[PDB]
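Please model the complete structure; the sequences and the hints are all you need to start from.
Spelled out, the chains give:
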Amino acid sequence: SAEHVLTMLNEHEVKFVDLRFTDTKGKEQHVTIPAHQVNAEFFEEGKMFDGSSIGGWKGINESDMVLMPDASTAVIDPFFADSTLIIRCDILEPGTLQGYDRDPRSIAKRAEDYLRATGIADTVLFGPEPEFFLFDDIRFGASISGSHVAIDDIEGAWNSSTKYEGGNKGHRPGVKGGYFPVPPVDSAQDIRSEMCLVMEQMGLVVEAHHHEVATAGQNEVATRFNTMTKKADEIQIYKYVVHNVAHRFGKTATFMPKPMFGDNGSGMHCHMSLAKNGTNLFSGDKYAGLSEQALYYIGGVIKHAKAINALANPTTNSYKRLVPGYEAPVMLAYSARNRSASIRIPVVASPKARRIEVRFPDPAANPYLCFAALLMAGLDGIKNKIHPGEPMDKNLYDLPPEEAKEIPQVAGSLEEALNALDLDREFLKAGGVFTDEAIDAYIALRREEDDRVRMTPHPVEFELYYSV
Amino acid sequence: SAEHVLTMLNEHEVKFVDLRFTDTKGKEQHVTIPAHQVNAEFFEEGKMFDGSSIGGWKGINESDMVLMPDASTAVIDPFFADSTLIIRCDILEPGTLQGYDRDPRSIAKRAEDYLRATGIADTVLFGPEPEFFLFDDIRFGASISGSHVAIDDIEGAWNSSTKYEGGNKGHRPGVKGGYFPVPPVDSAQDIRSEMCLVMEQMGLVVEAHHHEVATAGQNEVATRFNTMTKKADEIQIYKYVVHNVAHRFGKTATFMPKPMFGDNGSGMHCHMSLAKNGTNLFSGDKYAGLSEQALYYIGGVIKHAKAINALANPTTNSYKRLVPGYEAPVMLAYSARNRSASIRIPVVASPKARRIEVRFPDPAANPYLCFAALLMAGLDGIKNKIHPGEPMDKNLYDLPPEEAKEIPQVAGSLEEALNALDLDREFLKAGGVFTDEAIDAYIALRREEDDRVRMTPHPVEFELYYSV
Amino acid sequence: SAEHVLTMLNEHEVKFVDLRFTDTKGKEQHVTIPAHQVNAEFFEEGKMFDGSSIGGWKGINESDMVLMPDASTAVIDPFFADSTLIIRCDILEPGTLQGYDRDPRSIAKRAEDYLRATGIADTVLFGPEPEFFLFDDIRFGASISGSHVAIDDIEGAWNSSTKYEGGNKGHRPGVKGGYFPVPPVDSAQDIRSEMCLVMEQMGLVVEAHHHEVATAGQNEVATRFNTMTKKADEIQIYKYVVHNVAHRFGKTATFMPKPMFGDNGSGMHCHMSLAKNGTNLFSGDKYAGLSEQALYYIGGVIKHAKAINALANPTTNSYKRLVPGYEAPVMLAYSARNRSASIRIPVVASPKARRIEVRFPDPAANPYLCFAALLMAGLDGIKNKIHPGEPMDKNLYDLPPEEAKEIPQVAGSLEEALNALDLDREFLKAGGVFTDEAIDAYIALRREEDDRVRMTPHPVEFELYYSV
Ligand SMILES: Nc1ncnc2c1ncn2[C@@H]1O[C@H](COP(=O)(O)OP(=O)(O)O)[C@@H](O)[C@H]1O
Ligand SMILES: Nc1ncnc2c1ncn2[C@@H]1O[C@H](COP(=O)(O)OP(=O)(O)O)[C@@H](O)[C@H]1O
Ligand SMILES: Nc1ncnc2c1ncn2[C@@H]1O[C@H](COP(=O)(O)OP(=O)(O)O)[C@@H](O)[C@H]1O
Ligand SMILES: CP(=O)(O)CC[C@H](N)C(=O)O
Ligand SMILES: CP(=O)(O)CC[C@H](N)C(=O)O
Ligand SMILES: CP(=O)(O)CC[C@H](N)C(=O)O
Ligand SMILES: [Mn+2]
Ligand SMILES: [Mn+2]
Ligand SMILES: [Mn+2]
Ligand SMILES: [Mn+2]
Ligand SMILES: [Mn+2]
Ligand SMILES: [Mn+2]
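Which chain is which? The protein sequence lines are I, H and C, in order.
When we follow the deposited numbering, the leftmost residue of the first sequence carries the number 1, and every step to the right adds one.
When we follow the deposited numbering, the leftmost residue of the second sequence carries the number 1, and every step to the right adds one.
When we follow the deposited numbering, the leftmost residue of the third sequence carries the number 1, and every step to the right adds one.
There's no promise every hint is true.
Identical chains share a label here; the pair holds if one copy fits it or two copies do between them.
To be verified - Only pairs whose alpha carbons sit at most 27 Å apart, straight line, appear in this in silico DSS-like list of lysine-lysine:
no.	residue 1	residue 2
1	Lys-352	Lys-429
2	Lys-276	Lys-383
3	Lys-25	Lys-320
4	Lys-320	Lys-58
5	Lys-47	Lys-176
6	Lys-163	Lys-239
7	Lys-303	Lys-25
8	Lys-320	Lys-429
9	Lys-405	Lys-27
10	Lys-239	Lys-47
11	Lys-25	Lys-15
12	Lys-176	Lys-25
13	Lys-352	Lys-58
14	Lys-25	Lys-169
15	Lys-251	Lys-385
16	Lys-394	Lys-58
17	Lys-47	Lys-286
These are computed hints drawn from the structure, not numbers from a lab.
Written out as C-alpha cells, the structure reads:
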C-alpha cells in the first residue's frame, strides 16, 4: 500500500511513523520518523540504520542494514499520544537488498516461498493460542549475596490472608481455580475486552477471550488464524496490545512460560493445516478425518521435535512448564482423544476445518522462527513420507511406566533443545531458508542465557543443601 | 429467541456475548465471544470447548463438550464496561447433542420433563429465599503453622469500640439485632435497592428487600417464584447481581451458610407447589388447606431428607448452621404453626397460593441439583403414597427430650448427607434424571472438600486441647 | 574398646551416650541413651530402632534395624551441657547382623575389605580438604508467588557501604580477596583456632588453618589423612565441630559447594595413595615420581568420573561450582604443573609422601560413598591396566579450543552424573560393595532433589525472560 499509506497519513493527521521489526530473540523493535520523512523513495529504498547493538546481528564492522517498509502492514498506534502510524519493516542487506540472513521475518517469508516452490501446497495456516498472566507487582534480582523473585496480583490465592487499605474483598481464584468463574472472582472482563477491541482495531480478528486455569491473573485471547507470516506479525501485535493495555490498566503482563510453580504454565499451542487452491490438504479418510499429508507433517514434527524446541521453547523457563499435571504435554504423540499427547487432532464436523494442534510451543518463542521450524519439519516429513506411527488413545501422565513407556519426548532442557537444533539442522537449511550462521548465531545467544541460569545459585539449593 | 437475539445485538450495539453455564458445585462459569462470532449455525450447533479443567467433568481425554446457547436466556450485563450480551448455555454431548450427564442444568430439565411424563403435574414451582451477608473486609488462610479467618463490616457489633478515621458514628445492629432497624442502624437501603433495580432489569421480579437478623450486614432480597428450571437460572443471576453490586459499592458479599458463629446463619428456604392446567394441585381440605398430593410430597421430602441434604447443604459449613436457636430447623416435620419444623406450611387466604416451604436448604446449594432433588423426592413420595404422619404443633428447640424425642432429622454432617445420597440414590436415578457417575462424581468432589476441613486443625482445638 | 568405654564413663561422670550414624545423603544422625542403658550386651547386640523415617532406608514394613556401637569411635561431646559420650554406630541387619546394604559406613568398610582381598594393597589413604563459609545471616524460601536467598556476613564485600549500629569498621575481603589478609581483614582467627583445638580434642589431627579466597567468610581447616573409613568418620566430626563452633560464635556455617556466584565455590579435594606393609605403592620412576600403580588408579578415576560425580558432587549446586575461573577443575586430566587439571600430582621430596589429588569432589558429598567410589574406580583402573594417557602440561581454562579441545570432563549436570552412575555401575558392585538397590535408592533420592530445582522457576529467568 505505498499509495494507501500516503492517503492514510492525511486521513489521520499522522505526525509520526513508527518503524517496527523483530530481533532474533523475538522482541519487537521500533524507530520513529516524522511523517514528513516519508516520501516516494522511502518506500523503494527504505532507510539506513546500524544493527550492531542488536542481539546477534552484531557485526560492529559490516552490519549497517536497511529497514524496508512493508506498505501493507500500516496501522495506527492506539496508545501513543501524538497520532502515529506503525509500519512493519523487513531487514534487507545493503545494496544487494534481498533480505538479511538473520532477519526472522525474512526467514519466515523464505519458508513460505519454499512451500509453494515444492508445490506441496500454496499457503500455510497458523492459529496460535498464546496464554499470559496479569500481575500488579513483579520484583526480582540477582547479586552476589543472593537473588529473588516476587509475584503479586490481586487475584493471587495467597492474598486470601492479606490486609488491604480499604479491606480485603476476598473473591480470588484458587490454585488452578482460574477457569471461567464469573466475576468478581475473575477480575478481568473489562481488561480482556479492551485488549480485544484494540487488537481488532489493529487488524487482528478475535474469536474469543476468557480467564485461564492459574490463579493470579492467567488469561488468554483467542485470535483467528492466518497465513504463517502474517500470523507471526499478528502475534507481535497481540503481545504489544496485551503488554500495553495491561500497562494502561495499572497491570503488568508477562508472556513468560512458567512464572509460578504449582499452577497448569502459559503456553502457545499451534494449530496448523496446509492448503492449495482453496482446498484443505489436511482432510482425508485416515485417522480422525485426516489426510495422508497431515500424518507425514505430524511425523516430521515429531522427528524434529527437539530441534523445533529450540525455537518454540527458547527459554530455560520453557522447560519448567513442560512437566506432567499442568496441561503441558511432553509426549511426542498424536491423538484426537488422549490429551497427554503433544499433538492433538481437533475433531470437527466439516473437512474445511481439519488440522493439527502442536501443543508444546510456548509464548516466549520467536513467532517467525518457531512457525518456520514447525512448517519445515512438516514439509520434510512429507517429502520423506515419515510415518507418525499409531495414535495414542491410552492413559494420561503417569500410568505409562507399566512397560516403562519410553516413547519420543520433547527436549528435557534448553541445552538439549539447542544441541539438537545444532545437529538436526538439516531440514531447516533446505530451500536456503535457514543458513548456518543464522542458526549458529541463535544457538550462541541462547547459550549465554542458559549459562546465566545454569551458573547462578538457585534459592531452592539453599533449602535443599545449606545444611549439608 | 434466535431471531430476538439478533435484533437485540443491533438494538444495544452489543460488542460481546458472554456465554454462561453452571458447574457441578454450582459456580456459574462464563466465556466471551465477540458479537460478530454470533451467526446462524452458532445457534443450532453451539460452540466447542474443553471441560477438562472443570470440577468433576474431568476427562482429560474425552470431555470436549458443546456450549449450547439458549436464545431465551439473553440479557445485557449491567456491570461490564463494553456493551455485552449474556446467554446461558447448556452443556451438550458432542455429536449426540442431547445433554451432558453431569450438566446440572440438563439434569434440572430432565427432572422437569419427568414431571410431565408421570402426568402427576405439568409444572413445578420454586420460590427460594436466599439470604447473604455484606462485609467490608474478609481475610483467611491456612498454612502448616496455623490458620485463620477475620470478618469485618461497618455493621459489626464488635466495632462499637473501634476507632475510626473520621470518628466512630456508632449505629450498629447488635447480635441478632439486624432486623428491620431503620437506618442508620441499617447501613444498606440504597445498596439493596440497587440489587433490586438491577435484578429486575435482568429479568427477575422483586417482591421485596430488607435487612436480616444477624449483625455485620446480613440481608435478603425476596424474588418471585418461577418454573423450577427458570428459577435456578434466576438464582445464579441473583447471586451475580448481589456479588457484583456489592463489589461496586466497595463491599464483598458471601452466600456461605454460617460465616459467623453466635448469630440466626444465612439460609435458602424453598417454597414449592405443583400445578396442572392453571390449577394448584397443592390445595385441598386436609391440614392447613393442603391437598392429599402435597402431603405425599412432604412425606417424600422427609424420607429422602439426608440425601437431599447433600445437594441443598453441600458444605461442611452448611452443618454449622443447622443447629437450634438460630431460626435453622433440624426437625424433619411439618406444621403451619410450630417453627421448629423444617417444613413449614404457609397459611394463606386463597387456594391459589397454597404451597410448602422446606426451610433446611442453604445458599451454597447448586440451585439445579438442589431443586431437582427436592422435586424428585416429592414425586417419589406421591407415587409411593408416603404418609408424612402428623404435624408438629408442640414446643420449639429443646423442650422435646421429655420422652427424649428422636423424630427424623436432617443430616448431622456432610459425610453423612453424602453417604445417604450414596445409598438412597434410587429416587434420583428415576426417569434417568440422575445417573450413577453424575452422582458418584458429585460425591467425590465434596468428599475431597470435606477432607480438607476434617483434616486441618481447627483454632478451637487449641483453645480446648493445647494445654492437655 | 568395650572395656575402654566403660572406664571412660566413670572417668568423665558421663550422663548420656549419643549414638551417631550416617544416612544415605550423608547427614550424620544421632540418638541419646542414658549412660546406665549401656551394659554388656549393648555392645554385642546393639540397640533396636526403626529406620523407616530416614532417607531411602524406607521400608515402612521391614526396616527395623540395629545400631551397632563401635567401641573404638568413643569420644566426649564438647558442646553438650550434660557430660555425654558419642559413639559412632553401624547399621546392621536384624538377626543376620552382618551389615545393611544401604548403610554408607558398611559400604565403606566393604570397599576397604575388598582392597585387602584383591591383595592389591592393605590400606587406602584419604586426605580431604573440605572448605566452607561462615555467615552471620542466611535466609531463603520458595512459595508459589516467588523464591529467594539472602546471604550476609560481616566480611561480605557488599557491606563496604552498609550502615552499622556502632559504625562501619570497613576491613573486608574483596571478591576473591579472602586469601591470607592479616586481621582485621580476616575476622576469623580465633574462630578457626577453636575449631582446631576442638577437632583435636575429638581425635582429629590438625595440620593447619587459614582464611580462603572468597569474600564473606570462606575458610578451611586442613586435617591429617587417615585410613579411608576412619577419615570419612573424621569428616563428619569435622563438619560437626565446624557447624557447632560456628553456631556458638553466633555464626552459621555451610558446606554447600556454591553459595555465592562470582566468587573461587567451596570444594573438597581428595588426596589419595595406597599402601602395603608400610610401603607407599604410589611412588615409582614414572611421571613426577609416581608408580605404575598410581597411573592405573588415575586412569580408573578418569574412566568412572561421571559416575563418581554422583557421589562426590551429589547436588545440583555442585555443578554451579564446576566452572572455569574459580579454581574448580572440570578437565579430567592429570598433571603436577597445570592446575586446569582435576587430578593434580603433588610434587614432593621423599617417596614416602607421593600421592594423587582428585580435586573435583565437593563438601556436600557423602564421605563414605564418595571415598568408596574413588577407591573402587581406582582399583578397577589397576585390575584392567587402564592407561591415563599423557599428562596435561599446557594452558589453563579457555586457551584450549584452538583445536577445540574436547578431552574428557566431569559430569555437566546432576541428572548426567546420576544417569552415568546408573550405567557405569559395574565397578561399584564389584566385591559386593555396592548393591543394585543401594545404588538405585540413592539415584531415586537425588532424582527428587534434582526435580525440585529443575522444576522451580529461577529468579534469573525473570531477569532474562519476563519481558519476553
Ligand atoms: N486450517 C484451519 N481451519 C480452521 N481453523 C484453523 C485452521 N488452522 C488453524 N486454526 C485456529 O484454531 C484456533 C482457535 O480455537 P481455540 O478455541 O482457542 O482451541 P483450543 O480448545 O485447542 O485452545 C484459532 O487460532 C483458529 O483460527
Ligand atoms: N405456588 C406458589 N404460589 C404462590 N407463591 C409461591 C408459590 N410457590 C412458591 N412461592 C414463593 O413464596 C416466596 C415469597 O415470600 P417471603 O415473604 O420471602 O416468605 P417467608 O416469610 O417464609 O421468608 C416467593 O419466593 C414466592 O414467589
Ligand atoms: N599418602 C599420603 N602421604 C602423605 N600425606 C597424604 C597422603 N594421602 C593423603 N595426604 C594429605 O594431604 C593433605 C594436606 O595438605 P594441604 O596443605 O591442605 O594441600 P593443597 O595445597 O592441595 O590444599 C592432608 O589431608 C594430608 O594428610
Ligand atoms: C488448552 P489449555 O487451556 O487447557 C492450557 C495449556 C497450558 N496453559 C500450557 O501450558 O500449554
Ligand atoms: C425465615 P427467617 O428470616 O426467620 C431466617 C432463616 C435463617 N436465616 C436460616 O438460616 O435459615
Ligand atoms: C586449592 P584452592 O585453595 O586454591 C581452592 C579450591 C576451590 N575452593 C574449589 O572449589 O575446589
Ligand atoms: Mn487455553
Ligand atoms: Mn489449545
Ligand atoms: Mn429471611
Ligand atoms: Mn422463609
Ligand atoms: Mn583450599
Ligand atoms: Mn588442594
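Against the earlier hints, flag every one the structure doesn't satisfy and list their numbers going up.
Going through the list in order, the structure violates hints 1, 8, 9, 11, 13 and 15 and respects the others.
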